[PDB]
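Enquirer: Build the full structure now, drawing on both the sequences and the hints.
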Amino acid sequence: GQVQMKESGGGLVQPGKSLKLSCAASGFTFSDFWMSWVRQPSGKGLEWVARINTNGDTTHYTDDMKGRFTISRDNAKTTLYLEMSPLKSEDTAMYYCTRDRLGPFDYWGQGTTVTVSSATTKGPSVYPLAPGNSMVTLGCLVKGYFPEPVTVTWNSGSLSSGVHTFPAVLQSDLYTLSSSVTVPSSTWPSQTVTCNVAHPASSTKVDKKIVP
Amino acid sequence: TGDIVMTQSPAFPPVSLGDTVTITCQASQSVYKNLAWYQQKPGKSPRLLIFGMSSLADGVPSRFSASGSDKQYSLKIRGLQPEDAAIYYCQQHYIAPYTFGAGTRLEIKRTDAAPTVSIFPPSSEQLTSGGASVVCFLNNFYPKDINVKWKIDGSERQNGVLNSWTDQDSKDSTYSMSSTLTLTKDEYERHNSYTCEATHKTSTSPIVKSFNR
Amino acid sequence: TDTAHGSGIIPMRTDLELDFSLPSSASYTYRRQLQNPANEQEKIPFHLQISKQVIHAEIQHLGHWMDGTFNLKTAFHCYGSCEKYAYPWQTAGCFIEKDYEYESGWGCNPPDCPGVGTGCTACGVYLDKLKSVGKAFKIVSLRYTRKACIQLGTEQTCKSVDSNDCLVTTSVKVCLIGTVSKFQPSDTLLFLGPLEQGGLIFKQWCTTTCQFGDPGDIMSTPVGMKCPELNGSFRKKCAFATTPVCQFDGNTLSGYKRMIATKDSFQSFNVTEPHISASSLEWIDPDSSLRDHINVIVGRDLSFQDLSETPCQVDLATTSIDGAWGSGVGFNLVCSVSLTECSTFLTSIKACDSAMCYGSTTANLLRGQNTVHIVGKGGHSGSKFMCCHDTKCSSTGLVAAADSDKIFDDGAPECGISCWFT
Ligand SMILES: *[C@@H]1O[C@H](CO)[C@@H](O)[C@H](O)[C@H]1NC(C)=O
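Chains as they are written, first to last, in my numbering: chain A, 1 to 212; chain B, 1001 to 1213; chain C, 2001 to 2422.
No wet-lab data here; the hints were simulated from the structure. Beta carbons are placed, not taken as given, at the ideal position from N, Cα and C, and that holds for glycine. Accuracy of the hints is not assured; some may be wrong.
[Claimed, not checked] Straight-line Cα separation of at most 25 Å, SDA-like style, residue types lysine to any residue; simulated pairs:
id, chain 1, residue 1, chain 2, residue 2
1, B, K1033, C, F2269
2, A, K143, B, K1185
3, C, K2182, B, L1127
4, B, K1185, A, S172
5, A, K6, B, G1043
6, B, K1044, A, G45
7, B, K1033, C, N2270
8, B, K1044, A, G157
9, B, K1209, A, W188
10, A, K143, B, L1127
11, C, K2159, A, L102
12, B, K1149, A, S172
13, B, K1033, C, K2084
14, C, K2138, B, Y1094
15, A, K209, B, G1131
16, C, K2138, B, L1056
17, A, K208, B, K1185
18, A, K66, B, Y1094
19, B, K1041, A, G67
20, B, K1033, C, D2165
21, B, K1033, C, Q2090
22, A, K205, B, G1131
23, A, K208, B, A1132
24, B, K1109, A, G162
25, A, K143, B, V1161
26, C, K2173, A, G67
27, C, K2084, C, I2096
28, C, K2173, B, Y1094
29, A, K143, B, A1132
30, C, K2203, B, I1095
31, C, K2138, A, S26
32, B, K1149, A, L102
33, B, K1209, A, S134
34, A, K143, B, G1160
35, A, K122, B, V1031
[Claimed, not checked] Derived coverage of chain A by chain C (criterion: at least 3 residues anywhere in the stretch with Cβ under 8 Å from a Cβ of chain C; other residues may be distant):
id, region
36, 27-33
37, 100-112
[Unchecked claim] FRET-style restraints, in silico, Cβ to Cβ:
id, chain 1, residue 1, chain 2, residue 2, range
38, B, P1042, A, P86, 32 to 38 Å
39, B, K1144, C, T2262, 52 to 58 Å
40, A, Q2, C, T2207, 17 to 23 Å
Expert: What follows is the structure, encoded as structure tokens:
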């Protein structure tokens, strides 16, 4: 019924190593559409990368990546793949698997981040922010992590209203961001407000209860 | 390269809510009908809006429309809403390579709102790391032009501060800002009071929120 | 026994460039003999075979077009409100209701209900007899492909040339650059019956604001029914001491009825060899309403020495004939072509006589015996038709007693007036 596509296989690789990205599609006939990969840098325009036909005998690439990228598909499992040769620092972007209609792309996935740097993974640190009325606000600080991204939720994600996740700032190979939530004064500290932070690369999962 | 260039004009002035807006997309060559419009909300993935230069994509509200003459196309929106305030792209698919555009971001014009300021002292868990970080939140204000300033015992401090800004909200069309003054424990134990001031056009008098140690 | 029925000999002093405008349902056959400018007796064959146009259209399944019948009913109540009771039209497939809530005066009132501002007059327009009449698709993108084969000396190469691809070899290059098309994106193709019967083309197919009577008003989408609104307004016609009836002065005929009424005002099209999937619709247009621009270029560095060692020998013999030599009846000739010293060789055989050649047939011969049929129209009473290659023909021929969407261009000099009415 519904069309759903999810990317996976991204992260951090060294400048000169290989990496293969995967993308699982469901909800439509995977063996009847042309597939394509489209990446986008941090705050830049979209850039078409590759394209594959139904069976796999015709593959279109860009004049830049001459034999560096290799797109493939598996119709038995309805999966799309993108194998990459030793990468460079100019390939750091977020890759989307799209349903190419010989031209426009009518469906886009979530997208995975691919980072090509010579840095090492670093574990984050979650710090609660206690007040120091009418509508109280609380904070949750995630300091010193690498690389992007992270996931911040409140009470298993059932606090979407009044939430504010702020863009991180890069400080010499170390990111850090903060989240802000607003709840009525009758709920806190009457109820336990929990901040959930997740970091995929470092396999970090921290749940902190905000207390005065 | 001998590819077609899709000139998309950025920096569009803000428009009021509920009115009619029109974005243009110029082409270096006539592609005649092979034009698609996309929408990329802040943080989310792109979304196909219009294909074939006149055909609405599935799941797109009826208040969207597109047309255009030779190498000069437009995208019209009637009855603006706070949701569809994002970046829009145009793609041609007449001849290879199928190139994209630059991107045009909208901005809903609302009434001026006062920022909800708040300050937070460093936590006990952060003190174990050896450093201190004071957080000052400024949520739900308009417009985006705002200034922040830190005071340590009345003295001005404009170094070691890291601040970031959020895009326009898709629910109330407001902005937000988070500033963080990072110091060490050796310096944090020397002073007593810390103040976070803010200057916005909603009031010439700067709002003040401080705390003692 | 050979006869001067050769192909066009072209000296290769300069490069050979060609531009073609192939019709939609047309197959071209261009063949010559490239001559070495350093030796008159050194010639190599050059064959160019281009197939028909294959139209690939990524489409969007709009669903089924439904046809219904207009119906109007009226419901009156003395007390209460219009949003209190139910009506038989509210449970139909498509229905639009306009009610005059609390508008009960006295001039429109029946003999019963001596009240004012307390009744309810509801009017319901519904559609019944909903039956599918055709299938609709919306064009998202277009693609045109043609399969081309070249034969130069002893080399043979084939490829499916797209718009973003070219058949490029060491000496020949075939590109597909432009395509004049009758179809373009954002068009709506409607098939009333099966695919092979063709369909119609609609540009203003309603999508957002559909009204009863427009092309695409009632649609059977896979998600569910998509009912349109009406083109008109309601009114309450009433008399003294009578129940108020409801009138609707608007459009009554459905969208399918008006389409059948003015069907001649829409664009029609045919399809041949159709292939439809969940995402595409491939077919060959037989109306010859599309033109493809093909550029062919052969360099003059052919290296006539390499393409001369062990050429393709071809022997043939006429073995059967069937038909008449009359201009309109036609005859069928059977040739036994024997290809030697080559695995595969692309050429064409012609059915010629002492003077002219009334037919041709292109075939990719294999090493050994090959049976080739040639259709021809024309000839005279004493015309002894024979099978013929470039120059060599069969030893004997046969005599008779008492379009095809192919194009042949071999550059042969046709007979003048001496072969007309003889
Ligand atoms: C489709 O084929 C029929 C066969 O008689 C022909 O009359 C008609 O003109 C064709 N359609 C078009 C658009 O040429």
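Enquirer: Hint by hint, note whether the structure agrees.
Expert: Structure-based check of all given hints:
no. : hint                            : verdict
1   : B:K1033 <-> C:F2269             : holds, 21 Å
2   : A:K143 <-> B:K1185              : holds, 16 Å
3   : C:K2182 <-> B:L1127             : violated, 74 Å
4   : B:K1185 <-> A:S172              : holds, 21 Å
5   : A:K6 <-> B:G1043                : holds, 16 Å
6   : B:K1044 <-> A:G45               : holds, 14 Å
7   : B:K1033 <-> C:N2270             : holds, 23 Å
8   : B:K1044 <-> A:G157              : holds, 17 Å
9   : B:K1209 <-> A:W188              : holds, 21 Å
10  : A:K143 <-> B:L1127              : holds, 13 Å
11  : C:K2159 <-> A:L102              : holds, 20 Å
12  : B:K1149 <-> A:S172              : holds, 23 Å
13  : B:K1033 <-> C:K2084             : violated, 51 Å
14  : C:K2138 <-> B:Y1094             : holds, 18 Å
15  : A:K209 <-> B:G1131              : holds, 21 Å
16  : C:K2138 <-> B:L1056             : holds, 11 Å
17  : A:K208 <-> B:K1185              : holds, 23 Å
18  : A:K66 <-> B:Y1094               : holds, 24 Å
19  : B:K1041 <-> A:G67               : violated, 33 Å
20  : B:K1033 <-> C:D2165             : holds, 22 Å
21  : B:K1033 <-> C:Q2090             : violated, 42 Å
22  : A:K205 <-> B:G1131              : holds, 22 Å
23  : A:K208 <-> B:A1132              : holds, 19 Å
24  : B:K1109 <-> A:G162              : holds, 21 Å
25  : A:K143 <-> B:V1161              : holds, 14 Å
26  : C:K2173 <-> A:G67               : holds, 24 Å
27  : C:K2084 <-> C:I2096             : holds, 17 Å
28  : C:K2173 <-> B:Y1094             : holds, 23 Å
29  : A:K143 <-> B:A1132              : holds, 11 Å
30  : C:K2203 <-> B:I1095             : holds, 23 Å
31  : C:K2138 <-> A:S26               : holds, 23 Å
32  : B:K1149 <-> A:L102              : violated, 53 Å
33  : B:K1209 <-> A:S134              : holds, 16 Å
34  : A:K143 <-> B:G1160              : holds, 15 Å
35  : A:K122 <-> B:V1031              : violated, 49 Å
36  : 27-33                           : holds (count 4)
37  : 100-112                         : holds (count 5)
38  : B:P1042 <-> A:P86: 32 to 38 Å   : holds, 33 Å
39  : B:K1144 <-> C:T2262: 52 to 58 Å : holds, 56 Å
40  : A:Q2 <-> C:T2207: 17 to 23 Å    : holds, 21 Å
This entry does not satisfy hints 3, 13, 19, 21, 32 and 35, going by the numbered hints stated previously.
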